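Chain A is fixed; fit chain B onto it per the hints.
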Amino acid sequence: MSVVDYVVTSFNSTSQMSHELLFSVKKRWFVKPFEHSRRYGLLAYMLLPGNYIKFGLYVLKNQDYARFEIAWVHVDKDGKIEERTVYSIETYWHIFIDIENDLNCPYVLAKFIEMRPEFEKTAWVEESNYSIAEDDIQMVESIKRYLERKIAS
Amino acid sequence: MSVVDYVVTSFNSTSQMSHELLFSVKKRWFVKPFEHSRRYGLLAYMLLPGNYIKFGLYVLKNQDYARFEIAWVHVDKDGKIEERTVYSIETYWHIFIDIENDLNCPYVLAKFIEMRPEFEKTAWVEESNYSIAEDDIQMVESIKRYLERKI
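Protein chains in written order, with the authors' numbering: chain A, 8 to 160; chain B, 8 to 158.
Keep in mind that the hints are not guaranteed to be accurate.
The list that follows gives simulated cross-link-like pairs (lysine-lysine, DSSO-like), each with its CA atoms no further than 30 angstroms apart [what the hints assert, rightly or not]:
| id | chain 1 | residue 1 | chain 2 | residue 2 |
| --- | --- | --- | --- | --- |
| 1 | B | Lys151 | A | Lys68 |
| 2 | B | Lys87 | A | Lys68 |
| 3 | B | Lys157 | A | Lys68 |
| 4 | A | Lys61 | B | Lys68 |
| 5 | A | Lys128 | B | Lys68 |
| 6 | B | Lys68 | A | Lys68 |
| 7 | A | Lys157 | A | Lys84 |
| 8 | B | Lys33 | B | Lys68 |
| 9 | B | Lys128 | A | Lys39 |
| 10 | A | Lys87 | B | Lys118 |
| 11 | B | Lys34 | B | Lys68 |
Note that these hints are calculated values from the structure, not bench results.
This is chain A alone, in the form it adopts within the complex:
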């Protein structure tokens, strides 16, 4: 079985926000959505068997609360998806809103916060350039370390 569908939530509101994007361990850059629906706050993907990483930020804008999670999303030979969080942290939303301006933030995490859906809009994977330095495994360690060192706050 080839291409399978995978939908993620992507929406910014006054009171909350849900930013979820996929990252191809293969191409080593964010997967491009084949469709996006503002009418629903979703992004759909036409994935081909392989390994992916799903980044997810969830915010309650009013309580300055922010939930960031890194999750492994593998697609079987015949389209059987199997996930598992590999990282989940609970912190402050204002913390991430700073990372945007920190050149010490890993490329993929910087881009991730950058692409975040604008108000009453969905996120948009820009057919982009560049080539992440490390593999997938190290990439997350760079995210982990950085975010935890940002504890400083």
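Leaving out everything else, chain B in the frame of chain A:
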């Protein structure tokens, strides 16, 4: 400071369908999910202390059976979730399928029915930041009056 994960089941297969959406008392309308995974047949939220109402519609298509339930979910200021079913009626599915168009069905009930998940899809709460009039106690009570009477 408190924020508790709360997940519900939501899927629509060929043979059956389960539809559970959360209703916030404070905001007086449906809560917004932070995740929609039809892969696991669920919708996941992030709640803050307060009062919520769970609406459940469980259908056995090959029997024209639909169970309707109303639950009282409470979130402690510490985050201790606690809930209880306060209403559960059994009836034909085709009835609900029709109550939907009735001009005098409680709006919150009508919109709930409409929000039922599509095939191999999960329910999707719309940005209808709309506002109801009666408070929870009266809204729940108003739904019962209707369903019961209508049946």
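Checked hints:
1. Distance hint between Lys151(B) and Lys68(A) is unfulfilled; the C-alpha atoms sit about 35 angstroms from each other, more than 30 angstroms.
2. About 22 angstroms separates the Cα atoms of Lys87(B) and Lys68(A), which keeps this hinted pair within 30 angstroms; it holds.
3. Restraint check for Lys157(B) and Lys68(A): the C-alpha separation of about 42 angstroms exceeds 30 angstroms, so the hint is violated.
4. The suggested pairing of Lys61(A) with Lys68(B) is violated, with an alpha-carbon distance near 35 angstroms, which exceeds 30 angstroms.
5. Simply put, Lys128(A) and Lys68(B) have alpha-carbon atoms about 36 angstroms apart, too far for the 30 angstroms limit, and the pair is violated.
6. For the proposed pair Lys68(B) and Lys68(A), the alpha carbon gap of about 41 angstroms is over 30 angstroms, so the pair is violated.
7. With a CA separation close to 39 angstroms, the supplied pair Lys157(A) and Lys84(A) exceeds the 30 angstroms bound.
8. A C-alpha spacing of about 35 angstroms is found between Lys33(B) and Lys68(B), which places the hinted pair above 30 angstroms, so the restraint is violated.
9. A C-alpha spacing of about 21 angstroms is found between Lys128(B) and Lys39(A), which places the hinted pair at or below 30 angstroms, so the restraint holds.
10. With a C-alpha separation of about 33 angstroms, the suggested pairing of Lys87(A) with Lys118(B) is violated against the 30 angstroms cut-off.
11. Distance check on the hinted pair: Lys34(B) and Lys68(B) sit about 33 angstroms apart at the alpha-carbon level, beyond 30 angstroms; violated.
Checked against the numbered hints given earlier, this structure breaks hints 1, 3, 4, 5, 6, 7, 8, 10 and 11; the rest are met.
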